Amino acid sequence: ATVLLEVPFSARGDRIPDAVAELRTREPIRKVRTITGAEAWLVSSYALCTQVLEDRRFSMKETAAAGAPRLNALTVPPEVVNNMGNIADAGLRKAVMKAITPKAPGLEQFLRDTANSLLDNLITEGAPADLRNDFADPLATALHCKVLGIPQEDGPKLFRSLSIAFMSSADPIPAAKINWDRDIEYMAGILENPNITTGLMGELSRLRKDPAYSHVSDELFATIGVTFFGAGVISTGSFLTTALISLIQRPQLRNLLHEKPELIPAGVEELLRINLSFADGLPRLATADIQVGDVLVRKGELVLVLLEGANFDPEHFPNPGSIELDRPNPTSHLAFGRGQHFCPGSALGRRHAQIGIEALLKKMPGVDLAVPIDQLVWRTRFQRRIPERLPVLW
């Protein structure tokens, strides 16, 4: 006798388990056990992943319900699981989304300058360099302080909540609440700080005093700041880090992108497609009995949408494990999700990675791992897959 198949399969972000292709072929929706002991349906084909994400009866909001089967413990208050809905209900969605594009004057220049400064510091210090802690994550942090309009010097302390805030734990995490409450207090203070006039927090600070938002809560305004900083920094820093591994492990592609940087957007789209950054399937709770492939999912059951299941599905992306810069369907991957909860930061995330890679290839055309790939230490019980350090030479 064996136990019910457990998720997640592996914390390694440099290879897809061959179990994924076997599930997808044999049982593209199948029962699994999560770290909490709950049962869930793991969905691993492109067709069924899309079906689930495009049907809101598979609800994000309802995953926060008391007594539901859980992927992991909440690290935020339950109402905050519905953060985007709350933003939309407050009339703030258009303005929030506008503030977090890469489009503001000087933003791309700021990203390039920041990337180049970080790289110059690494070059001065000499190999080996840690491209996570000393490149990708500081670039993400700097970007999000700029996008939010908050002081650069405040970035590190906000950042240091993230190794706990984005845990994927069986149980509630006391430190997550300590840091959440502190970070909310910080953002509340930002909203009252007259120096903060630019970026997302500058905009929210004005809207907060406008009559059309007089009944929007102070708590929601502060929550937007904490949630968008955290989601954006963890997602961009982690994606860029693991994308850099994928790139470095493909010297021929590294060389091609170096030689023809106009190909970097197409390269980043493929790096998004093959990314293993999300450590768990995206969770949804069924609000009705719904047929998904061969399974009738019952009301109240948990469904996990495995992004690499979809993105490595050969029925949608032939030769799925290969980076091919001339695919006919390049942006149709699920790296940013799909449907109601599609990532509002997608354009910014693309730009962060494109500029980071452009800068790195120009400054370090010979970039290579400085340790055997198996020596990377993969963070466990976390909502992202990332190496603790990424040692490189050039």
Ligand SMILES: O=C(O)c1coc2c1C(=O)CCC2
Contents of the next structure:
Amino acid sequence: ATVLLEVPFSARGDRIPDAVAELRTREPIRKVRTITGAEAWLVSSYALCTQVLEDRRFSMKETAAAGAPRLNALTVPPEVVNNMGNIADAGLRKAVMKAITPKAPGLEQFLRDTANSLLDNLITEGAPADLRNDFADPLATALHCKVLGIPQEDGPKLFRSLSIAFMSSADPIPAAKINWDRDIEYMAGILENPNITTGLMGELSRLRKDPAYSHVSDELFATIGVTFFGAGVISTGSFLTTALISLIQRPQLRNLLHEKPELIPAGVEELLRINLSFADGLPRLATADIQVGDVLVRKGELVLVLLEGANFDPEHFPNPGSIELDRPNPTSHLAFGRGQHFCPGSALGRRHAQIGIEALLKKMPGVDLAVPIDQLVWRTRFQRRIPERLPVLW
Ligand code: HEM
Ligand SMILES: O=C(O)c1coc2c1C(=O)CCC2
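Switch from the form deposited without this ligand to the form solved in complex with this ligand and print that structure.
Everything in the complex follows now, all chains and molecules, and the chain you saw is the first one.
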């Protein structure tokens, strides 16, 4: 006898396990056990992943209900799981989205200048360099301080909460509450700080004093700062890191992009498609009995949408493991989700990766791993897949 198949299958972000294509072909929705001991339905084909993400009866908000089957323990208060819904209910969706676009004057030049300064510091120090801790994560942190309007020097202490805040744990995490409460106090101070007049926190601080928002709560204003810093920094730093691995392991493509940087946006869209940064399927709770493939999912059951199941589906992306810059459907991957909860930071995340890669290819055209790939240490029990260090030479 064996126990029911457990998820996740592997914390490695440099290879997709053979189980995924096997499930997708044989059982594109099938029952699994999560780290809490709950059962769930794992969806692994592009068709069924899009069906679930486009049907709001598979609810994000209801995953926070007491008693529900859980993917992992909450690391924020339950009402924060409905963060974007709360932002939309407060009439703040358009304002938040405007503040986090990469189109703000000078923002791209600030990202380029920051990437070039970090790279020059590594070149001065000499190989090996760690492109996660001393390049992709400080570039994500500096970008998000600039986008929020908060001091660059406050980035590193907010960042250090993230290796706990974005854990994927079977049990509640006492340090996540200590850091959450501290980071909320900091964002509440930022709203009262007269020096903060730009970016998303300067805009929320002005709307807070406008009569059209006088009953929006101070807890929501501070929550938007902590959640958008943390989601944006963990997601862009982790995606850039694992995209640099995929590029370093494809020297022919790396040389193509170095030679013709105008192809970097199409290369980044393929590195999104093949990215294994999300460590778990996206969770949803059924609010009705709904047929998905050969399974009748029942109200109250947990469904997990495996993004790499969709993104490596050869029925939708033929030769799925290959980066091909001339696909006819290049932005139809699920790396930013789909439907009601599609990522609000998608443009910013694409621009962070494009500028980081352009800068790295110009400054370190011979970049390569400095250790054998199997020596990278993959973080476990985390909502992203990331190597703890990414040692390179050039
Ligand atoms: C390459 C970088 C990024 C990737 C791959 C990414 C991926 C995703 C995915 C897959 C979702 C959907 C989750 C779901 O449906 O359950 C999502 C939602 C979210 N993302 Fe991103 N993200 C990125 C960058 C950003 C940035 C830069 C921000 C903010 C500055 C951001 C903030 C959020 C928020 C707040 C949500 C929740 C939306 C909702 O619930 O409606 N992300 N992201
Ligand atoms: O912002 C966090 O610290 C956070 C860390 O983990 C999550 C969040 C969310 O706000 C969304 C639910 C998952």
